[PDB]
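One chain follows as structure tokens, the form solved without the ligand.
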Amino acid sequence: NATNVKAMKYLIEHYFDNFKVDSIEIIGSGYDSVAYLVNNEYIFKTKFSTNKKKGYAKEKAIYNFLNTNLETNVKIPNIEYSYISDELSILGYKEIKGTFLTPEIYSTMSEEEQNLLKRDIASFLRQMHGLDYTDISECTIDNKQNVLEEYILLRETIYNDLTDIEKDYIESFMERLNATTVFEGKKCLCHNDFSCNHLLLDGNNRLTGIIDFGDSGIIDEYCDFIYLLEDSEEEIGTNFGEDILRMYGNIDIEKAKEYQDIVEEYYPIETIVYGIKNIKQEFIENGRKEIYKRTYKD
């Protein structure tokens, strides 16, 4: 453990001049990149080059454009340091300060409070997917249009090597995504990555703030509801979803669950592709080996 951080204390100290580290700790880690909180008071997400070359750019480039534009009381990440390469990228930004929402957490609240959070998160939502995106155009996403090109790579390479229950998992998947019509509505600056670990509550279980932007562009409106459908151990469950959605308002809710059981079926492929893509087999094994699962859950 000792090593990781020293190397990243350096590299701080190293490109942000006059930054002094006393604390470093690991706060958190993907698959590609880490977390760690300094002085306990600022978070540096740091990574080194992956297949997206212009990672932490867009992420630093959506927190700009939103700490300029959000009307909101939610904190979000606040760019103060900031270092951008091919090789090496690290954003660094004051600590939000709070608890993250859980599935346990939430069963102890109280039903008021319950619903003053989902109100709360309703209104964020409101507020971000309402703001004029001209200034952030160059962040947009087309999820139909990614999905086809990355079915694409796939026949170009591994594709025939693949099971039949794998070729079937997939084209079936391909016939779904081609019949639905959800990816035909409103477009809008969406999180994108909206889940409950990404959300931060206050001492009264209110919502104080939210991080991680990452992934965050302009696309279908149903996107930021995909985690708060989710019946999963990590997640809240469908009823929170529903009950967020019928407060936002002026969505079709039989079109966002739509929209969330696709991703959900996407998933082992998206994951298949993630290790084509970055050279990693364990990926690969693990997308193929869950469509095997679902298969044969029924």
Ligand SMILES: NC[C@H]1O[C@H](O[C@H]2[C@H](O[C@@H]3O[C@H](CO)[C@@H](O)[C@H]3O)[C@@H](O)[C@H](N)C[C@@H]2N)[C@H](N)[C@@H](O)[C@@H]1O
Given for the second form:
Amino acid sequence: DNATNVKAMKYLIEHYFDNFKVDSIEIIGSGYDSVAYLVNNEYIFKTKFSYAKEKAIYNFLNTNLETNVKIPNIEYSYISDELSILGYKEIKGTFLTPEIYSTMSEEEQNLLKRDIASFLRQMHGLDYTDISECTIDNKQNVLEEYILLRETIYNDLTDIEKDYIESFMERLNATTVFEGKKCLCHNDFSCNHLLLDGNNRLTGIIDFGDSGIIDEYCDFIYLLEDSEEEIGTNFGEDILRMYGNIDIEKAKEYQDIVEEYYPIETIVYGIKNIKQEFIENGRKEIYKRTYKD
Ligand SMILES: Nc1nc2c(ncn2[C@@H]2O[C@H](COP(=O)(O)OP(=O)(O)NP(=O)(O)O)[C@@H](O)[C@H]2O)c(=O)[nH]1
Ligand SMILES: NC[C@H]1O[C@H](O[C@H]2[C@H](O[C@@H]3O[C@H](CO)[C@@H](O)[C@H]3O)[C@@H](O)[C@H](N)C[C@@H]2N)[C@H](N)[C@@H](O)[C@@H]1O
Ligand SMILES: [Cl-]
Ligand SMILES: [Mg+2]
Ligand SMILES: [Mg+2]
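Could the form solved in complex with the ligand be given as well, to go with the form solved without the ligand?
Below is the entire complex, every chain and molecule, led by the chain shown above.
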């Protein structure tokens, strides 16, 4: 089942990109709706059975970004309703993790943080007129997701579940954090998308698949996150200081609101994609959070 999925994708790549010969192909990653392949120890091929926005973003950034940090440069694309494939040369490096960060010297850490702040400053500073179609309004997306809840499963939720959702919506309505600067954000800027070179400096960034014109605060939500997957609040805070001209408390409020939203986001994903286990997981997560002392 490892060896069979790969054969079909080898076939599709050779069918759709005429002169492309697959000598080797293995799985390097996968979401719940996509799979990524390392081909010829040289190319990444991201694939999905339903990437046009993602392509437009790479094409916009490879034109306009001034940076030594490498990003996917799309050489192969096939995009249709039922299948999408993007291919580009693998960016070489090692992914940032907590464990690697804790072994870096104070100075090594500082340089990495400066590299990050610098990349974000450059991306957030772009004139985004040429990708203006790629706007994203998170508040309005939540209101629309909430309506879909009300139209589907909300009435069958428990009272505890409903209180969690209502209490979130009360907070969404009171917050000011969606009313600030908009700019082009990576919008999934977690350390599993950041690549280091042999000196532990930022050498590449991947997965601009959720990128768009959105609140400036968006690109700090994972840098600020306190979890096993991410480095820590202090990492995000120092990066925020280095980046400058940004209200740190509101960045944290933004991050905290999105974190509160995660279980509802999980439920909504379950409804939209008809996957009951996601509905169950998000509801379960509500109980876990409700009972943490
Ligand atoms: N070293 C390296 N790995 C890459 C590169 N591009 C993708 N990957 C690997 O492929 C995995 C999946 O890639 P990614 O762009 O994050 O897509 P995804 O997040 O699973 N899919 P989607 O963005 O559609 O949800 C990554 O976790 C990483 O391991 C690359 O340029 N270099
Ligand atoms: N894996 C548990 C964590 O999930 C979320 O964080 C991840 C976050 O959320 C993913 O959402 C998936 C479900 O749709 C999930 O599979 C996620 O990977 C992801 O977008 C980042 N690139 C990596 C983040 N660390 C939460 N915001 C975080 O609080 C929680 O600790
Ligand atoms: Cl359920
Ligand atoms: Mg990814
Ligand atoms: Mg992605």
